[PDB]
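There is one chain below, alone, in structure tokens, taken in the form deposited without the named molecule.
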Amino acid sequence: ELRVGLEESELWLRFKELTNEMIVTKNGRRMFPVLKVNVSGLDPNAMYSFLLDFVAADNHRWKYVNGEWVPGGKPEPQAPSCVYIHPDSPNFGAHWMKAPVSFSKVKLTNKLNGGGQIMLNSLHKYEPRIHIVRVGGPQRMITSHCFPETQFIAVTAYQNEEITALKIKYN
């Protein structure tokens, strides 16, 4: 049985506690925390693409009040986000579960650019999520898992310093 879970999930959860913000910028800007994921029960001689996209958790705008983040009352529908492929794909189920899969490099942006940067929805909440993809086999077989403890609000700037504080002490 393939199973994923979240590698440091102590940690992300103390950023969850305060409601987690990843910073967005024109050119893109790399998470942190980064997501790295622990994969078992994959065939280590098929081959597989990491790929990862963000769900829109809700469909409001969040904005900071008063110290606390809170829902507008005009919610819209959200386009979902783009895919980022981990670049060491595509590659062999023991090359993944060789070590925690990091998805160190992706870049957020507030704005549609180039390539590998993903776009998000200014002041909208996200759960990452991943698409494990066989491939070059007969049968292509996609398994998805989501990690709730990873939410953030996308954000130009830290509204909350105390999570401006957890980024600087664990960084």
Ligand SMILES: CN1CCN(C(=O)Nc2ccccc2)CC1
Given for the second form:
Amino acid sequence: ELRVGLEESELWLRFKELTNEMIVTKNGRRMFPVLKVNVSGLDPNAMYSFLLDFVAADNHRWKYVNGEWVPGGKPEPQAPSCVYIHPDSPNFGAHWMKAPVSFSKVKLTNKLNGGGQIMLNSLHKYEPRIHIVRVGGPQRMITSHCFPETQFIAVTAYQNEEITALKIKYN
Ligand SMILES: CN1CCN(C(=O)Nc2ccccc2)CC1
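May I ask for the structure of the form deposited with the named molecule bound now, the form deposited without the named molecule having been displayed?
Complete assembly follows, chain above in first position.
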């Protein structure tokens, strides 16, 4: 059985208990914490691409009102985010299993852009999700996995100073 684990869940959970926030910029901002995934049970000899996307966790716009995040009352459907390909892709199972797969190079933006960067809607809540895609073989296969511990709200600047403090303390 293919196993997918979050690395450093300890720390992600401290961010989640405060409501996590991730900065988006026109040019694209790298994430902290970085999503790092432990994977076992791949065929060491099979070929795989690791993909990262962001599900809109709800259909609402969120606002930081008197020190607390609160959803709006006017939900709109949220079209899916674009996919980020891990730059080690495509690669052997052995490659992916020798150390945590670290998405250190994904950039989050609020503006449609050349590419690389992934465009999110500011003040929406997102749940990171990976796809593990077996490629090159006869049988294509996809395994997907969400990471609720890594949920955040996309912001153009931090609202909760307790997040600001944690971001610096641990970087
Ligand atoms: C620079 N990039 C990195 C490697 N890459 C892919 O892995 N694409 C792909 C193709 C089919 C299924 C999943 C991913 C495209 C080029």
